[PDB]
Amino acid sequence: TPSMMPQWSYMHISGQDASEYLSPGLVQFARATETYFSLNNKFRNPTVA
Amino acid sequence: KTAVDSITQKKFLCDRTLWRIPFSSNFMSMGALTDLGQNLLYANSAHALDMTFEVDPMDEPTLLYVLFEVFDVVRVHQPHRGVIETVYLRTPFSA
Amino acid sequence: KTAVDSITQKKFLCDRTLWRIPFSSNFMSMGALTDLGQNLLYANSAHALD
Amino acid sequence: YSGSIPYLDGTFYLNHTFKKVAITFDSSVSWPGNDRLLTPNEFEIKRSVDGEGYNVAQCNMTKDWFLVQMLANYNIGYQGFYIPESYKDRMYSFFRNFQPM
Amino acid sequence: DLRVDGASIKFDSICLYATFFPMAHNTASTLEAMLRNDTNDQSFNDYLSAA
Amino acid sequence: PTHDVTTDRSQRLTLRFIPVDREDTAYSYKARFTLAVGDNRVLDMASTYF
Numbered sequence: 003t004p005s006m007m008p009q010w011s012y013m014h015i016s017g018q019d020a021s022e023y024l025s026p027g028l029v030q031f032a033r034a035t036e037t038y039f040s041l042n043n044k045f046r047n048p049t050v051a
Numbered sequence: 860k861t862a863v864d865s866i867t868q869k870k871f872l873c874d875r876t877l878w879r880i881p882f883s884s885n886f887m888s889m890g891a892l893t894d895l896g897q898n899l900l901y902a903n904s905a906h907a908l909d910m911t912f913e914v915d916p917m918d919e920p921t922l923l924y925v926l927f928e929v930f931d932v933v934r935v936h937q938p939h940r941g942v943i944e945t946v947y948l949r950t951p952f953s954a
Numbered sequence: 860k861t862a863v864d865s866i867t868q869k870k871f872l873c874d875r876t877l878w879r880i881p882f883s884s885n886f887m888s889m890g891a892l893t894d895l896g897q898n899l900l901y902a903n904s905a906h907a908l909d
Numbered sequence: 708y709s710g711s712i713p714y715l716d717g718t719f720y721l722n723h724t725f726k727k728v729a730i731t732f733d734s735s736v737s738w739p740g741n742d743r744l745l746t747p748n749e750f751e752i753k754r755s756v757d758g759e760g761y762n763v764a765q766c767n768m769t770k771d772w773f774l775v776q777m778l779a780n781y782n783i784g785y786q787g788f789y790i791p792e793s794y795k796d797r798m799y800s801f802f803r804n805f806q807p808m
Numbered sequence: 607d608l609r610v611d612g613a614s615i616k617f618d619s620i621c622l623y624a625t626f627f628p629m630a631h632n633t634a635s636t637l638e639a640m641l642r643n644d645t646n647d648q649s650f651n652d653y654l655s656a657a
Numbered sequence: 052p053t054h055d056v057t058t059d060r061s062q063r064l065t066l067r068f069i070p071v072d073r074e075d076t077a078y079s080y081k082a083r084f085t086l087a088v089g090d091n092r093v094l095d096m097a098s099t100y101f
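Protein chains in written order, with full-length UniProt numbering: chain A, 3 to 51; chain B, 860 to 954; chain C, 860 to 909; chain D, 708 to 808; chain E, 607 to 657; chain F, 52 to 101.
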């Protein structure tokens, strides 16, 4: 990988998932009050064919 | 009884859309980032591109509108109160 | 080009409904039974209404 | 009289005649308190055409009341308004029968 | 065209508006702490997307 | 939920902000504002409309 390893992985273009690159506390918190105050639309989920 | 000899014209209308062409081995949409974007042969070097269009004639000046479907992302970070920092990344055509 | 001086009126129609005010601290609907109902400021004593 | 009966039919046509409403407990407190709302001590539905500090959506409607009704119907507004979803809003709802003229 | 037809316009007053969720205070401070650490930054991607 | 959602120390629900600087020309109309989100709150652009 002579070109773009942490660059591509940085912007969440490819690699991990929202439930994987966060502190456990934040994930638990989102699970808690997802109903009346959403947050999920604030972080990309990369997808690769 | 007294009809007359005729020929036929055919055409169609496709207003309110765009013409699309994906970039894959089989034109399908298997993911947000296609496979061929990750093929080395178009990824580890440089190449030149040529496009040729042929369209119906018109009477007055027109414009050809070309969109290169690409990636463009922004990331935002807030370390301390009262300071906000951002980084924009543009995919090919970032110059 | 011959029109005259004018003023403007505005109004609205919203037939076929009810006007609601729910019991909450933020007017949301987080459950059939609401907090301020359970809240001991209005779940421990008695008062009158106007 | 033998027309439609609003008290049982479900048809109402007199909502727009309200001006203002106030609530009080034991002659000392306002049910929405702690300065939650712009006109803290009383809900404002439609100001007279003159009171042009607080209209919304080109009708003669106060912002506060619009916000309150929208929220109490669909928990929408804390994340910016938009057309509510279809299934969540049925015929007798609020947003289906709102007309500005 | 509307430049030659004498259609004009004049802005007088402009204001700005916002609304807040009256979240529980300590919970709000917890959320702020949860979000200020670097490894939980935010990302966003315009739709259209292209040149 | 009974608690741990909504405080009751007095706080406004909606904020109105005034321009502090405004400039005009034949075509442009420029404005500036001091958006001051107070201590211990969270605000969402969404709810921002000129």
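Calculated from the structure, these hints are not laboratory results. Incorrect hints may appear among the rest.
What the hints assert, rightly or not - Derived, one-sided and incomplete: chain F residues facing chain E with beta-carbon distance under 10 Å:
| hint | residue |
| --- | --- |
| 1 | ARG63 |
| 2 | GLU74 |
| 3 | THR76 |
| 4 | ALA77 |
| 5 | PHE84 |
Said to hold, decoys possible - With a straight-line cut-off of 25 Å between C-alpha atoms, the simulated BS3-like cross-links for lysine-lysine are:
| hint | chain 1 | residue 1 | chain 2 | residue 2 |
| --- | --- | --- | --- | --- |
| 6 | C | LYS869 | D | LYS770 |
| 7 | D | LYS770 | C | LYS860 |
| 8 | D | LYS753 | D | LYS726 |
| 9 | D | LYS795 | C | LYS860 |
| 10 | A | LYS44 | D | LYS795 |
| 11 | D | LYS727 | D | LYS770 |
| 12 | D | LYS726 | C | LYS869 |
| 13 | D | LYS795 | D | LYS770 |
| 14 | D | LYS795 | D | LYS726 |
| 15 | C | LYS869 | E | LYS616 |
| 16 | D | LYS795 | C | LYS869 |
| 17 | D | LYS726 | C | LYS870 |
| 18 | C | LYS869 | D | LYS727 |
| 19 | D | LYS770 | D | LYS753 |
| 20 | D | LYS753 | D | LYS727 |
| 21 | C | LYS869 | D | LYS753 |
| 22 | E | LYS616 | C | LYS860 |
| 23 | F | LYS81 | E | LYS616 |
Ideal Cβ positions, reconstructed from N, Cα and C, are used throughout, including at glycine.
Results for each hint:
no., hint, result
1, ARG63, "7 Å, holds"
2, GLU74, "12 Å, violated"
3, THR76, "13 Å, violated"
4, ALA77, "12 Å, violated"
5, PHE84, "5 Å, holds"
6, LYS869(C) x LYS770(D), "16 Å, holds"
7, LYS770(D) x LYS860(C), "37 Å, violated"
8, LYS753(D) x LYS726(D), "6 Å, holds"
9, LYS795(D) x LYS860(C), "49 Å, violated"
10, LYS44(A) x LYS795(D), "24 Å, holds"
11, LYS727(D) x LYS770(D), "14 Å, holds"
12, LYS726(D) x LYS869(C), "15 Å, holds"
13, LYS795(D) x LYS770(D), "23 Å, holds"
14, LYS795(D) x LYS726(D), "29 Å, violated"
15, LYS869(C) x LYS616(E), "21 Å, holds"
16, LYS795(D) x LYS869(C), "30 Å, violated"
17, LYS726(D) x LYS870(C), "13 Å, holds"
18, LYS869(C) x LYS727(D), "18 Å, holds"
19, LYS770(D) x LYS753(D), "9 Å, holds"
20, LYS753(D) x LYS727(D), "8 Å, holds"
21, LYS869(C) x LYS753(D), "11 Å, holds"
22, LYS616(E) x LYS860(C), "20 Å, holds"
23, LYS81(F) x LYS616(E), "14 Å, holds"
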